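Before any questions on how it binds or moves, here is one chain, the form deposited without this ligand, in C-alpha cells.
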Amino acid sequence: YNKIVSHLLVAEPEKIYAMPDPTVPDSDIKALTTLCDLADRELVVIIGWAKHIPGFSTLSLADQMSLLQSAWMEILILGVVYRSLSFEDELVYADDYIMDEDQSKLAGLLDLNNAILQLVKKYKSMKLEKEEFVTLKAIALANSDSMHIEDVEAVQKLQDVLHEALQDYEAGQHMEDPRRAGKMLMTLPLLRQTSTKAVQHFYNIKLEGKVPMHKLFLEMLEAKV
C-alpha cells in the first residue's frame, strides 16, 4: 500500500449538500442559484483539502493560489463525476441534487452536463476506484498549467511525486493492465475541456445578472476567464 494514496483517502472531504430552497418553485434560476451556492461552498472545502496534498503547502502562497485558481473547476467536476459512477445518465452534483437530462435542459446546461457524462461514461468503462479518483484530483491540481507559476521546478516535483504514486498504485493493484496509469492520465484532457466549458458557461450567467453568486465563486471565475 502506497503512503501518498492513503493520505489522500484520509484527506477526502466530507459530503456537502446542495440544499435547494423548498419555498422557491422549480425554475432555471433556482437550479443555477443552487448550483452556484454549492460550488461556492465546495470551493472552501477544496482550498482546505489542497493543504493535505503532500508537498503542496510547501509551495509559496502565490504558487498555491495560482494552481487552485487554475484547477478548482476540474476538481469540482471530478467530484461530481465520481459521485455519479453508479448512476445512469444522471449527475450527482450532491446526494440531494441529482440532475437528469430534462433538468439539465431546463437549467440551460445540456451541453455542459452531456460533457460531464462523457467523462463519467469513460470512468465507468475503466471501473475507476476511489484511490485513483483522489490521486487524479491531486494530479489535476499539480498539473494545472497556470501561467503565473514562480517556482516551476517545485511544481514539476509535485507532479512527479503524485504521478509516481499513481504508477505505484497501478503497478501493485492492477498488474493485469500495464498501461492503466497512462489510460487514467489520458482522461485529463477531457476533464480540462469540460472545466473550461463550465467556467465560460458560468461566467456568461454572471454577465446576464439574473443569478446571485457568492464572493468566492465569482473571484475564482474572474481568475480563470
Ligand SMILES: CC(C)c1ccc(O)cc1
Given for the second form:
2 protein chains.
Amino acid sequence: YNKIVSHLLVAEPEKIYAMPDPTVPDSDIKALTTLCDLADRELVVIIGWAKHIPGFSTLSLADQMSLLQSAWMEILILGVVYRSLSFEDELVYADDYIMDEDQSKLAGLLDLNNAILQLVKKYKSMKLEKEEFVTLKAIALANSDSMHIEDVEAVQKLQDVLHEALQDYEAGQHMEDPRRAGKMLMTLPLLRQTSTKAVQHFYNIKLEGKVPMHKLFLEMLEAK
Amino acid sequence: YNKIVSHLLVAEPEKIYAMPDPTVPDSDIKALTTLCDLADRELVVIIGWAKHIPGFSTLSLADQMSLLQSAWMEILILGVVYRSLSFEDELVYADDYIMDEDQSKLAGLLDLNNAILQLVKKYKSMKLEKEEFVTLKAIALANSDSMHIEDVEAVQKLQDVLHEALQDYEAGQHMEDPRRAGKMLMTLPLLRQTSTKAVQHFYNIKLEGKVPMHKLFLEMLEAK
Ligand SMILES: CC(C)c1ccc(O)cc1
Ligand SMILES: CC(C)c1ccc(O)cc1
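Form deposited without this ligand done, so how does the form deposited with this ligand bound look?
Below: every chain and molecule of the assembly, starting with the one above.
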C-alpha cells in the first residue's frame, strides 16, 4: 500500500518502560511522578520520530517546535489509546504500568482517564489498525493549530501530504467503506479535547509543586 | 447538488439582533450581558433548527439533548465565524454588535476572540461556502462526543449521513480538489478547542455572579 504509511510504520519507536520506583510507597505523588517521567522520555523519542515525517525537517526550527509544542500531548495520548485497544477499561501507559479505575482514582486521574477510555471505545468499534494509528499521529502533529506558525503554506502542504496518504491507504485497503478516511479524521476533535484536558490538569500539578518534572516535559507544559 | 445540503440551506435561521441597551454605560458587564442574552436567543432557534436535520428528531429526547448540550457552543461559534468572513480582525456577533480588538479587551475576551479569529483566518483561505458552513454545523452537532449517549449506533448513523452529504457536495462542486471534504473535517479540532475555551470562560463568569444569564443559556452552561 501507500509508501508514506509504510515509512511511518518502520519509523515507529520501540516500547518504553515506566519503571515505577519499587522502594517508594504507592501514592498519588508516586503515580503522577511515574507518568510525568515516562512522558518526558517519550517526548525525546517523539522529537526524533518527527524527523522521519516527509517534509517536517524542512520547516524552520521554530515551526517544527511550534507544531511539537501544540501536538505533544495528542501524540502521547494516541499512543496510550493504541496500546490499550485489546484491554477492557484499563489504560496501558506502559507494559509495566497499566491503570485500572482504582489506580486512576488514587492518582486523581479518574476524569482524564475516562476521557481517554472514550477514545479507546470509539477506536475499538472502528477496528483501528496500526497503519491508521501512525498516520493519525502524523496528521495530529501537522494539524495542531499552533498560533505561532511562520510558514502557514508549508504547514498546510504537510497536512495535505499526510491526508493524501490516509485517503490513499483507505481507498486501497477499505473499499467496503468509501468514507472510512473521513471517519478517521472525525476522531480528531475528541483527541484535541482530551489532550487539552490533560495539559490543563498537569499544568495545575506543576503549579502545586509537589510532583517533580523533567526539563523537556516542563518545556512542553510551559509553551504558550 | 446534494439534497441534504440544499435542505440545510433552507432551514437556516434568520438573523438575530444583539440590541445592547443604549441606556447602560459601556463596561465589561454590559458586553458580557449582551453576548449571553444573544446566545440565549440563538439557542432557542438552534433547537428548532436541529429538528430539520434528517434523523435527529427520531433519536430519543435524551440523546437529542445530549448532542445539543455537547455541541451548542460549537454551533454558536461557527455562526460568528461565518458572519465574520468578509471582515478584517472583527467579529460579527450580530449586525448591530461587531467587536474589534479594543472592544474584546474591554470585555475581557481578547484571548477567546483571537481564537475565533484564528478559525476565521483558516476558513477565509479555504473560501468557506454557505453550503459548507451549514453542513459543518450539522456535523458538529452529530459528532459532538457526548459521554451520555444511549443509542451509540444511531448517532453514528447520523454522523455518516451528514458526512456523506459533505463528501457528495465536494465531489460534485469541487472537482479541482479531491481532498476538500477532508480539509473541511480537519477544521473541526480547532472548533472543538475554541468552544471548550468559551464554555470554560463563561462558566467562570457564571460563578462570579456579576453577569445575569437566562435559563436556556444557564442550562447549557451547567450541563455535565
Ligand atoms: C502525561 C500523561 C497523561 C501521559 C504520560 C505518558 C503517555 O504515554 C501519555 C500520557
Ligand atoms: C457566548 C458567546 C461566546 C457567544 C454569543 C453569541 C454567539 O453567536 C456566539 C458566541
